[PDB]
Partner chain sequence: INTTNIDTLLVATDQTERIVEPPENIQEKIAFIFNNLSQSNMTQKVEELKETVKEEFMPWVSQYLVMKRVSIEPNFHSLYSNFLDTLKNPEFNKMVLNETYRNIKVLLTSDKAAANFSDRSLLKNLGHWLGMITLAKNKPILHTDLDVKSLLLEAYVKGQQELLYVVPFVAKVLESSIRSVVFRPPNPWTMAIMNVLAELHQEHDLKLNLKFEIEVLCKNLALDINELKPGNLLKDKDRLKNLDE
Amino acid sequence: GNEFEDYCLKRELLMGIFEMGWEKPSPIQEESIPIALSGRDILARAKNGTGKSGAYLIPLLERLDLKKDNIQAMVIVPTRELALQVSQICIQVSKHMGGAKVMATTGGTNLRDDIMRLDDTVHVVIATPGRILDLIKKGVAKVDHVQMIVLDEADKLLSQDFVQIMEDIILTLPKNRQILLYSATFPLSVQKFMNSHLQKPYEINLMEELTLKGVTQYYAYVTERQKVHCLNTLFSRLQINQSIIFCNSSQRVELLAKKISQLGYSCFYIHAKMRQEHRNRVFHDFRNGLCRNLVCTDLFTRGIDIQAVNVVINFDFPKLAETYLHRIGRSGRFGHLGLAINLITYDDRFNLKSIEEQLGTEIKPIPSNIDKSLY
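How about this chain only, in the form solved without its partner chain?
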């Protein structure tokens, strides 16, 4: 089996642990511990039942260099209720660590006494956003030495109430700070934060969930009459194995399918106004590479789990972001450098940017010369 000692931790820490009753690591600990000690950022799905407290404290305490009096680690939580819960544990785990100062400051603890307390050495901070940001901006909390930060129940930390706070706090930190994210759900805000800040994050319990991981995204300013020409060029310039095209209606799907089959290109097509046994047959055939290009509406409900698809095109641009994500994204099981292109009209601009921001990613205009290595 697998044991704590295998991770190579400090004696004082292992004892501190053992004294808690933690004889063997839980799966989440087994997942996150050895990854965190390697420096890799973490994006993890886990229930609000902590649980995950021990998962990110152990590696956090281990990274500490106690010969340094600066703050080196932080842990952000939504409620004051949880700050105590985590802090108490962190203390009880680090009891044999010599001079490990843990500070737990929320909007429920007296501000003044905490302003005071911070004039002394503190390594680990455990705070709610509103308070910690307050402490940082005043200058009391010296954070230019942090090497690790933890978002516990980030779904709540990234809500509209706390999102900007949380955003500002990172700006104060080093550009290379290790971030460990733990959340119960995985809405789009978490996706913003992921794509905005985290760097090559090891994913825990995120199979069967969509991300733009590996995907290069572009956008062209083109009108309805001009679209087909742009597409024609794209078929003529891009190095495509298999592609997929999306349109906003079965009508246009057909109309387009006939239009591109006229220019000397080969394609199949499917839509909602078909029969199940039919679409399954066409898709099955397209899966076996009996054609290069597929035309379709939003059908699958799944991620596009086809390896050979190296280009996705939004002939018609969507309104909702989740839709875009469903078309573009992959399920974490399939990570290939696929390409994504968005033919965009005037009616679509405010949706190009609103989506760009909503997923917290960057959609750059098309270069005449697209790096083949990119896909």
Given for the second form:
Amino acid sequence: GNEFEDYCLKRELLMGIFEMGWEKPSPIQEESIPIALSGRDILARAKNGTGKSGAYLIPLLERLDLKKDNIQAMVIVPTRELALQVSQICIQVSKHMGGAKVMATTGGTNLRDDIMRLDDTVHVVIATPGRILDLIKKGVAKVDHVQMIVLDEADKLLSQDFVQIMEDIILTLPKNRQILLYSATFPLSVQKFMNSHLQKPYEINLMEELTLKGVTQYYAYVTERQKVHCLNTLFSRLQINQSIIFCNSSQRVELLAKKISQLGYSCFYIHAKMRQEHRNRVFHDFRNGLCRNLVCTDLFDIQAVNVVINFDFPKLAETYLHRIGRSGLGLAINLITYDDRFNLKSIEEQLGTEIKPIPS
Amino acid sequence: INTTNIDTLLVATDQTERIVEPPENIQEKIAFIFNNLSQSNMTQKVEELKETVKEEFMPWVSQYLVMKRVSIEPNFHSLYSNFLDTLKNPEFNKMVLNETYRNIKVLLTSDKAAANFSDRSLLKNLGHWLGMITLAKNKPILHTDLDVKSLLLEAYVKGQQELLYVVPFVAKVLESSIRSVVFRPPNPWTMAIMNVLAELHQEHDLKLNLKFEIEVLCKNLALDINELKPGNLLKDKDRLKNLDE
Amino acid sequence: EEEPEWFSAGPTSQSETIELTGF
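May I ask for the structure of the form solved in complex with its partner chain now, the form solved without its partner chain having been displayed?
Next comes the full complex, this chain leading.
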């Protein structure tokens, strides 16, 4: 059916799903889980950032036999950040299963230490392509019991520099391995890989788009000189759990952040003219609730964020959509100078939406 | 030998999610209408198609229009575009747009070694059409539908044969930006794409006819190619380091 | 380029509040 209980998972795994607060299957979960449970390969078109993990980790965990100390399932991802995210979700979902071991290994984890780690039981490996192939070829990661492999964001896994690495990985695995493949896009390389390796895959085309539905949108006619005063008013009236305040330049981000800080606001800031590692650190602290508001440029999923402020109104309708759209939040407020008035109506039309005058 | 061969698109369709095929006679009336469409009878042909084609045959009509007409009849792109404007059916418009994207990607992701002679043209034509029914009508080309800038970066990496297909395609799409109140220079979306083309243009070994494409496009967009601001997006990307995650 | 009007000629207190209108 369409309830988690319908999939007849182990009670331990369902308890894991319950404790995640996952009440009803998402559409990608509804489409992926019963087919993957049967053993069929999957070919899925889903956007990046879509909650694919929640779909494929469940049948992966259901497939495990914890009476065996062997690696039995692998998830291959193109970035260190996705590896961390997926392994965390996997560790939480499986926390009732009694002895299930999940390990993440990337170019960003220490190779010596990871090798020592693989001396002990590991059932599930989450990894970047380069690191896991290196580990398999060194004999450290033994993969003759792997019965399932997931490829997440397969287009990035199968780009020019990586296609052979992925091919080599696949050739070390039991020929009958179940494959679950997820991708936003389907270049020739992914098409080739598909044809060679996937076996009559179940096809899923679940492309959730960014939408404005459910987002209340307002604008306020303001001069540039008045913008912080207007911000003062907003943050003295709304209930803000967390907010994101977008500006159109790195210079404006810093100046604003430093200004409102001096005025007693809680904020971090992030923009283009910073080291990436610094950027990641700040964003991670914002997510963990160490400030209330993030001031930033366009660089982009944080549940606590209930208000987005466009302190500078964007030039492009697509930028606007990325700033306040959601896949499937609360309030968006636009500060509009005279010179923004054209883009306001234009972006409104392009996106087929409504941005109402703010209530007094 | 055949300038209008669309077999590449037809074979790809025989593997798309099969749709509702109208009866042969409704199929025949649709062909008649599009064969005989002109500026002088457009309003009547719109009423004709409405009184003839049931709603469930709409997907097939968008497929017929895009694959079999628009792909090989660039001289009537304005006509078919104006037909969309007269029909005023937003759902049909999205089917047409989706089908446009679908056929474009079929050609972009085809193995060029096995391409038909006509495929370069089919892609240029569909590109020209895409710009006309999006940018020229002040509607964005969303990166989640087609990532034009990335397409150029990716083609650069694959080589000259890929660039031979991709660069004229991008030029045809961008021609409509100059007729767009929203997307004409200096719109940031248009300019980012133009700055990547300028970078391409700087490549000493980029084929001359591709340098020509970019320079003609510049003139059509009233841009001084020397005032563009190419960066290092082509180089850049430490591909060796990136192998380590 | 230049330094913003709201940084230089901005408020020196959070209580400096203006009316909100889209009119």
